[PDB]
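Coming up is one lone chain in C-alpha cells, specifically the form solved without the named molecule.
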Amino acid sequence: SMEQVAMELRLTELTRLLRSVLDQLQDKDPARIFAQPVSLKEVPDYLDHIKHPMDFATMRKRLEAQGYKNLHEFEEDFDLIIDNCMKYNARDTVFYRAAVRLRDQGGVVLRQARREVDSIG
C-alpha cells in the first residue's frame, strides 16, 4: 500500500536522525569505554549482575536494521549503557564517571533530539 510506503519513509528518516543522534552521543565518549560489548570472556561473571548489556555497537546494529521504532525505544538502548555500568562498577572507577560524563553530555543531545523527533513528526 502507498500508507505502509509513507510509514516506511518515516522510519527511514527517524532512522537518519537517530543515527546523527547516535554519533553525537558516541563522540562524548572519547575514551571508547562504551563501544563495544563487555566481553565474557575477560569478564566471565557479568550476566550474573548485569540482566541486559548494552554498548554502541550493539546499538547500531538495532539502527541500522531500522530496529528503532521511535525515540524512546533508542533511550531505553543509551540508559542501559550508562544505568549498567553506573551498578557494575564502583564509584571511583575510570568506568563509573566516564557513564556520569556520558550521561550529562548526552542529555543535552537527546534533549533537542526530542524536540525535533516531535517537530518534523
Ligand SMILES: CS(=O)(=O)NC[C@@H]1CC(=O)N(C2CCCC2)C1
Contents of the next structure:
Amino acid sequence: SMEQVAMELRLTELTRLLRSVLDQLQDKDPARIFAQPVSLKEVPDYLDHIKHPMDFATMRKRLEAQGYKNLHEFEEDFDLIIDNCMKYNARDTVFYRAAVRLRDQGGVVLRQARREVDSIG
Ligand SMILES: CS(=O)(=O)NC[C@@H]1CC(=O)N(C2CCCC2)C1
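Given the form solved without the named molecule above, produce the structure of the same protein in the form solved in complex with the named molecule.
Following is the full complex, with the preceding chain placed first.
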C-alpha cells in the first residue's frame, strides 16, 4: 500500500537520524571501551551478573536492520551499555568512570535528538 511505503520512509528517516545520534554518542567513548560486546571468553561469569548485555556494535547491527521503531527503544539500549557497566565495575575503575562520562556527555546529544524526532515527526 502507499501507507506502508510512507511508514517505511519515516522509519528510514528515523534510522538516518539515529545513525547520526549513534555516531555522536560513540565519539564520547574515545577509549572504545563500549565498542564491542564484553568478551564472554575473557569474562566467563559476565552473564551471571548482567542479564542483558549491550554495546555499540550490537546497537549498530540492530540500527542498520531498521530495528529501532522509535527513539525510546534506541535510548533503552544506550542506557543498557552504561547501566551494565556501572553495576559490574566498581566506582574506582576506568570502566565505571568511562560510563559516567559517556552518560553525561551523551545526555546533551539525546536531549536534542528527542526534540528533532518530535519536530520532524
Ligand atoms: C574493550 S575492553 O575494555 O577490554 N572490554 C570492555 C568491557 C566493558 C566492561 O564492563 N568490562 C569489564 C572489565 C572487567 C570485566 C568486564 C570490560
